[PDB]
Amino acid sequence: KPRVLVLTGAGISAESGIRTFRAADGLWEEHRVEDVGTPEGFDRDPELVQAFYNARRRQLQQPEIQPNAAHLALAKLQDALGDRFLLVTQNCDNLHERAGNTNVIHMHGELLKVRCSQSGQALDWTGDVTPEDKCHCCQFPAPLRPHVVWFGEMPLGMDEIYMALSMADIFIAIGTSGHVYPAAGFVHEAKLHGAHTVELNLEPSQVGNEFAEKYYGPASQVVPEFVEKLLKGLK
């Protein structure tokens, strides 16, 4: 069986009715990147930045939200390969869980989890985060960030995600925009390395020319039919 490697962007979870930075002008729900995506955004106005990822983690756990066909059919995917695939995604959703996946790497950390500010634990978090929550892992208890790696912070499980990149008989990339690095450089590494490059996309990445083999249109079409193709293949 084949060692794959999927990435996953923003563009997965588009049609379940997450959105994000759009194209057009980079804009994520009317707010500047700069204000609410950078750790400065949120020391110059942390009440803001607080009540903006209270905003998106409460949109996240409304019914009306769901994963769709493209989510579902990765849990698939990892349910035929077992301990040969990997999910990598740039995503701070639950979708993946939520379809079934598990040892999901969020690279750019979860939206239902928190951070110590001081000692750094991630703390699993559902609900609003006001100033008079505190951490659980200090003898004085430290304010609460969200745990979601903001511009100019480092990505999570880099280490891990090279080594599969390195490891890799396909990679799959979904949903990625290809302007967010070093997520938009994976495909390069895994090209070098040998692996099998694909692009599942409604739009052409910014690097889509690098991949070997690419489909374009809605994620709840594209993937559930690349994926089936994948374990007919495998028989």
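Each form is matched to the other, and the largest set of C-alpha atoms that superpose within 1.5 Å is called the rigid core. Residue numbers count along the first chain shown, from 1. First, how it differs from the form deposited in another entry.
- Of the residues listed here (38, 66, 206, 166), only one shifts its CA by 2 angstroms or more between these two forms after fitting on the rigid core, and it is 206.
- Annotation: Cα of residue 26 displaced by at least 2 Å between these two forms, core superposition.
Given the form deposited in one PDB entry, corresponding form deposited in another entry:
Left out here are the partners and the other molecules; the chain alone remains.
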């Protein structure tokens, strides 16, 4: 009856056609992370940053965008393990939710949520954000910002995550780059507490003994077959 914690990154959603939040060369595809993924960027040019996330939010909800087999396999794994399963994602898309996962910890926030920039309260939000969209949680309504964690900000749900990490029998990292901390350090924390560690990725992130078990290839192929193997090892 093992406890399983799964961490996912941008690699699992790549095959779904998602404009990516994988940082490469300081770029998020064609935008400077410094400009649209930092608190300073939002302070320097909020109208641009709101437009960048408005565009991402729209693209996320286009009909061609669907959870892929890897998303579905994790939903099956949660079905089989119940409270013994926790999914933590660095992704701000909702493809895990659409797949059927519940209680997903979005450590970097969610594209389909916005946040009151003073209260910090988040709320579901599917449309554009305009300068006249303001909070309802405060005495003087304040501007709303994307509920996406930027580089330089503290990730969400870390107490819950580290608790689960200390308890996990199996830790699986899927589609993560190994460049973004503290997420990339979770494997180390998992191994310090005796978990069996697994990497499922398109390319190797780390080099060494820190993932005990590793399989590489497209997420839609490698992930369902690891999960299906794991699910048959319970029976």
